[PDB]
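First, one chain by itself in structure tokens, the form solved without its partner chain.
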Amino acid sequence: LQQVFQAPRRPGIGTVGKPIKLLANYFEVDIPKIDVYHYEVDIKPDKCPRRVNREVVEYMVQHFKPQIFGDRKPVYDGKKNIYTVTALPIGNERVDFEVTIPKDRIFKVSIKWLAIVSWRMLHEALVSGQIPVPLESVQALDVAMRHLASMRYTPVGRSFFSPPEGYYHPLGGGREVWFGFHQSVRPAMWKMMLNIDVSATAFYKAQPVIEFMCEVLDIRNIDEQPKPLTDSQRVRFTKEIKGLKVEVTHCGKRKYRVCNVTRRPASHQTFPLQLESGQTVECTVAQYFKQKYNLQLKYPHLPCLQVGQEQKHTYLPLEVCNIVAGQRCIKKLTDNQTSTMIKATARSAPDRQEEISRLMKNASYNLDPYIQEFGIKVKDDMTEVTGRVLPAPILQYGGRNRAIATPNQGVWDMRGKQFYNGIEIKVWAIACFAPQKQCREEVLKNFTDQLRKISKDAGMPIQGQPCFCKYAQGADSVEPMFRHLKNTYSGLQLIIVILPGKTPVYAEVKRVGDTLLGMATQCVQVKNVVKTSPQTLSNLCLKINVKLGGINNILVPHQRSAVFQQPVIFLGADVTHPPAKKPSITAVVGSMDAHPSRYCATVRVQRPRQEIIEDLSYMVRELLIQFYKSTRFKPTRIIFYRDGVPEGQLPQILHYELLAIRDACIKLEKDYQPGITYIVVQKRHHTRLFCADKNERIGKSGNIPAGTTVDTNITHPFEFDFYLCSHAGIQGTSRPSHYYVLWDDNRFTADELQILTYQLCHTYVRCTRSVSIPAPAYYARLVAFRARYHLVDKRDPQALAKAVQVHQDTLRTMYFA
């Protein structure tokens, strides 16, 4: 795509904030100012795994030196791209015919010159900043520096993993944790940077399929009371093993991919087998394995794996199959597996810092023969960078004392403070979906008493007892009760729903409440009803007040950016994709006052895995319209925070979405052209920042302080990007959010935009804490997540779209809080 909208240059660096010395997991890379030669490699067959492509090229490099490669050490991306330090002695296009040994594998390979890539030009961009960074030069460098690791380890995205050795972290259900590292090369001022971080992801364990089945179905002993799998067990087992690769053990080692699991057991599952007589008969898998391999199945009552093409009949008894090693788990982990993995992978900032250092020392990048071939040198120590801790905004509260809150280390509380605009709760009801013996009437009364007191101190007075309180069982009971409530109790403001933990009832409560009836609901776990704490109750009130149209607090007005001198709307946008049928979900929220405090939400479904927000123009138009309704002001500026996108698609996302925002404005009025600031906020990266002075480490996790900002040294050489760690680190190693200013009509300075971004992280209503991303971005995530619950069903795109449309009386509410 011809990039029409060029990203704005960095207008300057920030000067505001207390200086803090930091170390970054970015290591300086020195490159020679030379030409690098780019060749295209065409392999047939062309749909082999990258691993196989690498084996093919490695064979060629070793067997074709006097002809082609000489003493050069080429680097290869496992696909189309090969690089060498000097030109290959070829005119144009050489075709090869090789027999790589395992059955024998024959490949047809052709190689031709594609381009000359200049690393001098790359250097000149990094030092001057008067030319665009040559991406083709960066790619060549990236391929050279990860070539060896790609041969040694198992690549996963931009990371590398290897089988566990000296450690073992089973997750259950046939999954385990592999440790490894991320590696990427990134342009910075003066020099390229090698970004290295430790990493850990889920892999399927290399074990017999039988044992894999027993973990998935939670079977302690396959030999205790042996019996066929129930229909539920089969489907459950099938969903886990379908798509996975298995290997057989009855032939001394062929691999297959599982396409299905037979309903019939091995004793009865048949297939057409041609005998020596020429006659074809329906032979069972058990009979076949007995006659062919003299194998007596120990578990003929168990199903078979169907492998290869579904159209044909290749069945494998479970007991002759192993799960193939090295298969990454793309499927979602259970709540239990998630907890176990987080536990085994949690690393404090000082510990991660040491692991990265240790990795770099042991890696010996300067002893990599391919790195040496290309005359590349890597600095041993982490890049030093002086960050700045931005000042936190003061928050204004209400009540008769009108207290202010001053954040300390990214945190404040409501002690002695009342909501800026607190709602009085006259009419409210309680629906208890936890059983009576689990949540007695006496427990209910104590909960509501403690809640009414906390709410009174917070300036959200709950008058009297609930108008209605009753027990109920099952999600089927939600709609009848809710409809009854809406029709019986006039002026009903809130339903408090007590839940027995994880239950389908929650999704139904939100469906009926948000989309069907348009009624405010607040769910609470029964454990938090039985054991009440002022802190939990206080946090509950934060959500309730906002859901009922209140304002918890505001930024002190005179300590904000000058953009507030004119009507300005803040947008947050997010896209969530379905786990590894279901659609992708897009969400855009928009501020509805000048604080900015209250937000309205829009949400859509679209094609699975599509990153671009397809309906953005319509969504923005709705928000602009609602903004005008609420404020009677036409926004002169639009500040758009877009939650993370893959950087490989970033120029495409900006192009179409910036057009869509502009499109929305013009369709409202022909000459309506408000100033647009488009900011991408990213958490899914591997940039790590550590306190250089170990005494400045905060808490047990020992992370950098909230407000720590970096816009030098490791950032883009001329574009407008910065890291801001807005949150207190209380768990593992903090991820500083990365902000990329892709467009700015509004002439923001670095300080102004960095501070504005920080302040927005203090406007998030769910907690009195500075959060890791601006509230509009966070709100957008919550809206998309809520839509997923709305989509829960107990088909066609049109029905899916209707399922996420909230009720009329919900459209102008913060139901997502």
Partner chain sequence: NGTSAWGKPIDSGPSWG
Second form
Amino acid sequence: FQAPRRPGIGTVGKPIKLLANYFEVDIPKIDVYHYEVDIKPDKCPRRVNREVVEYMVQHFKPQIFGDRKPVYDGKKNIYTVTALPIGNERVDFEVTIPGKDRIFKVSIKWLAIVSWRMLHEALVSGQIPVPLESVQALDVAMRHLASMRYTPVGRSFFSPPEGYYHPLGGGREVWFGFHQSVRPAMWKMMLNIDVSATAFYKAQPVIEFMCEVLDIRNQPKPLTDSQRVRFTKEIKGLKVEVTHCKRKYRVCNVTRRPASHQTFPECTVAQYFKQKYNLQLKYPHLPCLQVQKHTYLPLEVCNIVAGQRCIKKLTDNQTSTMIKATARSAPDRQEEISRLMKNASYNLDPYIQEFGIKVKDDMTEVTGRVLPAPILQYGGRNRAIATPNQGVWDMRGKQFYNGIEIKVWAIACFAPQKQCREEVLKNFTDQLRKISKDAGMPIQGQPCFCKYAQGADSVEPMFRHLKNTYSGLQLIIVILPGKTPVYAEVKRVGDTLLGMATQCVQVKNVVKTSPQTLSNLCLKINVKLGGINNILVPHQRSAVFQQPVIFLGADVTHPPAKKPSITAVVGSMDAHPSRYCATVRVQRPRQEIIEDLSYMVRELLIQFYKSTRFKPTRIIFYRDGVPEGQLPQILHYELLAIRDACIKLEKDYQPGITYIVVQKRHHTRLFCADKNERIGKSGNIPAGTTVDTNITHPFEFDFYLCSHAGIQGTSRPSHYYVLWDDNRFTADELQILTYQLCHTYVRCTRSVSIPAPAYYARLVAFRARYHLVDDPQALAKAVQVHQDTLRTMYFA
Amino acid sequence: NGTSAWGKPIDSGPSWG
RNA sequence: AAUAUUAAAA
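Okay, that's the form solved without its partner chain, but what's the structure of the form solved in complex with its partner chain?
After this comes the whole thing, all chains and molecules, with the earlier chain placed first.
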């Protein structure tokens, strides 16, 4: 599978001068020399491998290396500007590195020549593929020095906080650093720098770490069974350092036994620490850390060692508090990326000069286009239209294109009646009923059922009862007291078990009702009941709507650091397109490919044919949640899976497939060159800003489209990569269409950051996790949706 | 509502389903 | 769980 080449440059849209956090990189037309490295012991951290290669290039210059400045990737790849005085045969080294001294055994063997002259030719002529070996060697060199001075996390670099302190609770703090990647861009290799931020464990005593994990201000008690387990799940695997002697250990368990009782070869840990170091423990009632050999360390002689990133999932408070500590307006990020570049001074890097690399000082300028927003057609008495302004519109004076007449509905309140008495319930429904009629969705009757409930165990008997008592019941409105295990059980019973539409509202939004909040509720409700909010004005769409076409969205969500991975593929069931049907699966954890894609597409194609009595001549497939590097393997499997579904439906059914990867997880940031064109308090680029030049691929079909308005922080322009196009789109035709699909998202009268198909697949995969809350065949059954609900947009 | 107006609902193909 | 955006992903 060869990716389609760029068919052309887009032409539609008002021009806008832009700055991008890409920096031009100039490399000489020279060969570089690539050697493979073997270090024994062979399973050491990359930070250790760099200390090994550093020692030997420091201590073996006369025999090999000499005045060369090699560059190293922390693993097995090492690159020099000129070839080492070695043949094809291996060269072994005995290295001893200073805590205490470790002896290492290192082997180097010649591998191959990497041509940067070849990388020049692909960027000018495109007659060969971009040589990844040339790009890899360039990235290793430009980041070798940072890898020796900072803490690498992925493609980022962090340093310990100096002066500042952004605690997250639970023993975790925030480290600020930067991202650095090297990609090719039409007119040169580009160095991509951005500000980055991730969580780390505080360098604090284990006692203090235990208190933050368990919430305690130190009133002596031992740890309960619940506390011992939760403390174990947080510190297991981490590393600690001792203070009584200065060694370092990896924690493998927490003893079920306190320090005064935990024994070993006979002798308790408390007496052993008295019988030596003359330490009388201040917390012998607390457990020890096990570091299976039987070595135990009490919590008070151990500190958490700094530099340990936190891969575990953060609480709702911890993500909210980190968002606030890291969000800066777009101009603020500009000057910060500029600060990092001045600090970097890449042209004065000795390793960058070794390979003759030259880095451009200022951010790349590029002229993008602000695409024109589509017009949304509403219905009702007025048949009004919506003209988006700054990627936003409202419902004022508009009714739904197809409004659902709500005749039978029930209310289930799960907050205590002390907090939500009858008087505030009546006011809520009255306000909602009025706004629902305004939007063309008449909530006509009073609730045929309205009771107070308590506990998640009451929803199924009550929902079973509602389905049996009230014929023609359309909606259940469930009022919840904040975060609760009732929401999952409401969705599990409603979506998977009984097939009943449900709209959950938080009790906080019932006591105080905003008309905007009520309007956003009806947007979901009308669609949960099979309605249509708006449609794209038809005659302003792409020509792919002249024949039957289906739009698919796809996403894969993985479990946090054995839960399964969840794949979701949604399919347009109409020609607007507005109504989407959903399919969902579970698969083994951390498999990026949608294994069941072939049959999931088959189900969507069959549902499309039942809803329209048409067979799609084209398939537009937006794929979300893709990591680069596995992209060829994902497309190969999934593009054949889509084709295989069509082969198994009819003997000679060959619709054209467009496969587009939607990437929001990247560090490409765009900025207004003119300050007068900054929009909002955040000062971001306008909604609809498109870029398909200067920073995109030399000869392949990709573009950036920031389809949304940036409320806070710096906007993330979505990158779109066309991997297959049987339908032979033009650049304008596909960029406008991607932008119009960003205006068909039902949960808000706004233009969102990714197309509605891809966003729905995300919602379906998240809803599947609430369905999996309390065997692969049993896991597969839990995400299956009731036959009444498959036919609707429950995930809204 | 229609979801159609491609015209020509066709009774000339296997019924899938 | 009204919603989008935003950071991450011995």
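Positions refer to the first chain, counted from 1. Shifts are known only where both forms have a C-alpha. The term rigid core refers to the most C-alpha atoms you can superpose between the two forms while keeping them within 1.5 Å.
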### Message
Given a cut-off of 2 Å on Cα movement between the two forms, rigid core as reference, pick the single residue from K456, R94, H595, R697 that exceeds or meets it.
### Response
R94
### Query
Supposing the core is put in the same place in both forms, how far has the CA of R263 shifted between the two forms, in Å?
1.5
